[PDB]
Amino acid sequence: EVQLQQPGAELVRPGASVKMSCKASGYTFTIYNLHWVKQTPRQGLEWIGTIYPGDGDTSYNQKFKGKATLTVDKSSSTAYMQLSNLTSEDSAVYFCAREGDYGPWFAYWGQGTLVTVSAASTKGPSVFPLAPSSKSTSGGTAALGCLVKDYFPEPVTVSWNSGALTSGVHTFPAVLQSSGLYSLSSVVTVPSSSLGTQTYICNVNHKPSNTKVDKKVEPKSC
Amino acid sequence: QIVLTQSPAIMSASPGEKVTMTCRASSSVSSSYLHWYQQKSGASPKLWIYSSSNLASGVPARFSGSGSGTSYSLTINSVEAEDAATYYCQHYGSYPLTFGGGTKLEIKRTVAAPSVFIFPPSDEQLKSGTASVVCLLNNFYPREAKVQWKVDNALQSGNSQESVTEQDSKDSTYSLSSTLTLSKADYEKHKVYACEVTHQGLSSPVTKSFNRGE
Amino acid sequence: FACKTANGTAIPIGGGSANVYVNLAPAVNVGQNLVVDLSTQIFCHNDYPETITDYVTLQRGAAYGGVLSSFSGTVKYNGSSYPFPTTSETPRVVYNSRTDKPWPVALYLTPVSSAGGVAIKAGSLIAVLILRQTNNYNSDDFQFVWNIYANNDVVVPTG
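Chains as they are written, first to last, in my numbering: chain A, 5 to 226; chain B, 36 to 249; chain C, 2 to 160.
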């Protein structure tokens, strides 16, 4: 129905500008106010500003004033944010949202563009198989996984069996290792009988580097 | 400007009890302009309560907002495992707006025993001069978790990274992973790789170990 | 179901937009009220009053510009007062007539204790109101949005 789709990630060099997007579908575009907001582990959600597509009326918070410029196109039903003189403290997840059909409440939101300010270029994720390695007696849960190592930009999306095995899947959050890179792992607990008789694949998708990869995690045989 | 202060910012509700989350305003506010949103960690906020009393579409009927003027609050009656999230209050209708603070509800089950697992680096990672070894700590409660590695009975310190899962929406359990990075030259130096964890559910620490290709 | 503005602009069947330029009071001292009457500007009429009867409701009322910050108030529809920016669907109004009948929307804006100075800028967007028409004839829903600007600056006396 009504969706406010944002791009996944956005890598930007420091001291320069980056422009995001927010495509609105499912309603008359020039009829409702589009708001922008930012989220950090620090102080809570900060309202970036507003835009009414039908007139071009914008209004900014009081402090993201020389940094936020909200403009819409009204032709392809998109709203645009451009960030000026972007420093390292402006690394966060940005949401574009819309008011409700009958009130001023933040009804529909977006996935969120996760902007990270850095200088290192994008690097593709290396995916390694974490084998079951049956625990002696076995006959129960035997977790298997895959490790995503040496990928700089968040977010990397892992899905097992191509969006099928949501049962018992765990995707721990990324950790910054001492190489200017992020890493994580995805593990799934499966019945010990399925090992050696069922195909287990982890799909790792990296939008900022345009790399999709598939790994066949299988029981290592001596 | 009108600011919002969420009082608790940390709670602990049993899977069957009540809870109340206050959102104090700096000055009096019309009761029709305070709205509560729920954001589960690693997701986008969703409308949960509007006009401080009404319930958004699809929300369970347990949540019951109340309060007027300055001390608008919230109430979850039968706290389920799926209400572990961060709840924000917003005052829209003055122009400065606000999303004051946030309250992270934590659902408290009794005790869980970690399911300890070990995974060694494969040949693929062995080629690229890295031998990261990963120790998995499956569903466990609470977040008091402590991992420690042993290479031929030697307690490493510093070369280990932790990653904790953001609870569960079905059993409120936590999961953790510990990664031990060591160069290939360092990996082909010891034959006894171990991982031991301290938790409430274990009478004594449980050690899982392997060997280089055994 | 075509609606017109006093100036002469018209929104055809289906919906659309139409800027409305209303004349506000030259000065609105604090403790007093400012009336933005739109029944004198917005008019609507039923295309086929014989067999159909249209239902008009104010879906949304949104504030913009200096109204949002300095002037928080109410909206009067058919004798019933509601908050502004609106928070609920107003009741329906029946339109069964070929003659042009007004749209009884009246904004009542009062200055907050802020000094304001030039509370409202001439030519700025001060309101946006959404009309909804669903007929008792078929599965129908049209939206008519009106952008209300201010011709003159509404200065709030400082003292």
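Source of the hints: derived by calculation from the structure; they are not laboratory data. Just so you know, even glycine gets a beta-carbon here, dropped at the ideal spot from N, CA and C. A couple of the hints might just be wrong.
What follows is a set of in silico ranges between Cβ atoms, one per label pair, in the way DEER data are often shown [claimed, not checked]:
#1 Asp141(C) <-> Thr203(A): 49 to 57 Å
#2 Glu115(B) <-> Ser142(A): 51 to 59 Å
#3 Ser122(A) <-> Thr135(C): 33 to 41 Å
#4 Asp77(A) <-> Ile53(C): 31 to 39 Å
Hints versus structure:
1. Take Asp141(C) and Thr203(A): their Cβ atoms lie about 53 Å apart, and the range 49 to 57 Å holds.
2. For the hinted restraint 51 to 59 Å between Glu115(B) and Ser142(A), the CB-CB distance of approximately 34 Å leaves it violated.
3. Roughly 52 Å separates the CB atoms of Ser122(A) and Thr135(C), a value that falls outside the hinted 33 to 41 Å.
4. In this structure the hint that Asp77(A) and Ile53(C) lie 31 to 39 Å apart at CB holds, the actual value being about 37 Å.
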